[PDB]
Amino acid sequence: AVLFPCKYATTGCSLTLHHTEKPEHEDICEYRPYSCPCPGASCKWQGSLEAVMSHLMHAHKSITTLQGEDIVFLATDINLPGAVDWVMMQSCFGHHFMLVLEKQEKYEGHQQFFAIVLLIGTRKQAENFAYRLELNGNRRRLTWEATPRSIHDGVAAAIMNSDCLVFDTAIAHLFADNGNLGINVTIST
Amino acid sequence: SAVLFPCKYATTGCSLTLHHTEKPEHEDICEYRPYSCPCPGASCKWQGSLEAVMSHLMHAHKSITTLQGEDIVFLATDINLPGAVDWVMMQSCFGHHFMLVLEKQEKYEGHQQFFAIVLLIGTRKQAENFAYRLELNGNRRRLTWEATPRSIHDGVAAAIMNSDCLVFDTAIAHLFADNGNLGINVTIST
Ligand SMILES: [Cl-]
Ligand SMILES: [Cl-]
Ligand SMILES: [Cl-]
Ligand SMILES: [Zn+2]
Ligand SMILES: [Zn+2]
Ligand SMILES: [Zn+2]
Ligand SMILES: [Zn+2]
Numbered sequence: 133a134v135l136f137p138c139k140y141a142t143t144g145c146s147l148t149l150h151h152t153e154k155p156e157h158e159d160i161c162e163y164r165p166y167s168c169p170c171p172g173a174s175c176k177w178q179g180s181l182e183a184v185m186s187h188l189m190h191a192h193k194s195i196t197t198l199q200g201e202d203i204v205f206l207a208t209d210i211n212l213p214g215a216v217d218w219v220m221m222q223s224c225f226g227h228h229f230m231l232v233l234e235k236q237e238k239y240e241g242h243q244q245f246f247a248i249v250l251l252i253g254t255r256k257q258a259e260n261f262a263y264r265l266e267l268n269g270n271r272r273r274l275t276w277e278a279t280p281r282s283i284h285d286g287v288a289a290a291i292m293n294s295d296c297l298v299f300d301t302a303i304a305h306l307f308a309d310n311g312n313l314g315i316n317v318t319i320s321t
Numbered sequence: 132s133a134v135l136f137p138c139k140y141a142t143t144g145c146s147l148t149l150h151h152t153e154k155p156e157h158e159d160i161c162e163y164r165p166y167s168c169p170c171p172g173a174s175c176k177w178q179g180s181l182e183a184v185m186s187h188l189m190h191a192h193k194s195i196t197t198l199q200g201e202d203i204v205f206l207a208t209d210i211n212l213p214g215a216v217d218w219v220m221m222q223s224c225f226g227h228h229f230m231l232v233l234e235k236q237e238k239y240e241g242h243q244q245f246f247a248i249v250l251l252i253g254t255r256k257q258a259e260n261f262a263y264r265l266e267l268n269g270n271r272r273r274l275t276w277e278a279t280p281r282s283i284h285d286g287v288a289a290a291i292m293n294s295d296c297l298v299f300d301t302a303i304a305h306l307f308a309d310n311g312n313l314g315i316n317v318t319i320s321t
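Quick note, the sequences are listed as chains B and A, same order.
For the first sequence, the deposited numbering assigns the number 133 to the initial residue and increments by one for each residue that follows.
For the second sequence, the deposited numbering assigns the number 132 to the initial residue and increments by one for each residue that follows.
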């Protein structure tokens, strides 16, 4: 049998791994760094999973942080042009969740909104949770319920595979007030 | 003194003259209002009274199916068939009939979207007594839209243009589909 160095050999992992062992090990490797998970930012930070939240609080002060299982994510200025990201952190149940709203032309010439929640944590940890995103309006409601994505998999892929709440600009306007959009986010465990 | 106008449907029998502010409310519910055929995809020239609409759908549009109850599954078959643009079924509950419409339209060129909406065979005033809920359900995922049913006399077209309905696309559909078919849960409440 042939063995390959771990993905994280450069950051200190000395294990040599067989093809039957390699991906499971790399999910849990103690020498695994995570990139800064904030979308739309040019940040080169690399650190262990339990340092991510501290980094977001110190270096990304535009990201608002709210406490509790049931919050309002107020995305201001939804009529801004081009690709825009709104990011907020929600802290509940001893964990931290990143709430993302992104406006972009995923399909050419069609600006849409994408909303998703990601756990600062592993896939396995994320399976213990579910979340609900709710746009509430004048006799209308639009809801997405799912399992939060892990930082392992990231924001961008979810958006690309429409595995998130997707809505037209017109829909955002049905729910908006004062040029802002309030999104109710509930985390369940 | 106020300004009073005849009903729009004077020529089909209405003798009422109305305060201008009360005119739209009356015209919603006027018994002399002619209704067009509400069936999508059909080049049907039928016109008739509100009380004849469901009958017309049942006898002249025999491919339209009906499900009973306040909580049903609208099974849209072969949703990705090229050229297939309309799926319609009726839901009967609360002494009323609701038209469930799915439309596939490339509103933004190059992006095929699906639009699902519920219409009451009835007036806006009647429609305001109800809420409808549309759900797409999958493996630990649910997309839900809830709103007031549209009156058939307001049509599908304006709802679609304004995205005032459940809106999704082929990618989202794949996440919820069952062998190229899509089950949309529809729950009417009052
Ligand atoms: Cl873009
Ligand atoms: Cl009509
Ligand atoms: Cl038919
Ligand atoms: Zn390792
Ligand atoms: Zn950063
Ligand atoms: Zn009248
Ligand atoms: Zn007809």
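Hints listed in this document are in silico derivations from the structure and should not be mistaken for laboratory results.
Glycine included, C-beta positions come from ideal geometry on N, C-alpha and C.
Some hints here could point you the wrong way.
Not the full set, but computed from the structure, chain B residues with beta-carbon under 8 Å of chain A [stated by the list, open to error]:
(1) 161
(2) 239
(3) 293
(4) 294
SDA-like, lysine to any residue: derived pairs with alpha carbons at most 25 Å apart [unchecked claim]:
(5) 238(A) <-> 300(B)
(6) 256(A) <-> 270(B)
(7) 256(B) <-> 270(A)
We went through each hint and held it up to the structure:
1. 161: 27 Å, violated
2. 239: 4 Å, holds
3. 293: 7 Å, holds
4. 294: 4 Å, holds
5. 238(A) <-> 300(B): Answer holds: residue 238(A) to residue 300(B) is near 11 Å, not above 25 Å.
6. 256(A) <-> 270(B): Within the cut-off at roughly 17 Å; holds.
7. 256(B) <-> 270(A): 16 Å, holds
Hint 1 from the earlier list is the only one contradicted by this structure; the remaining hints agree with it.
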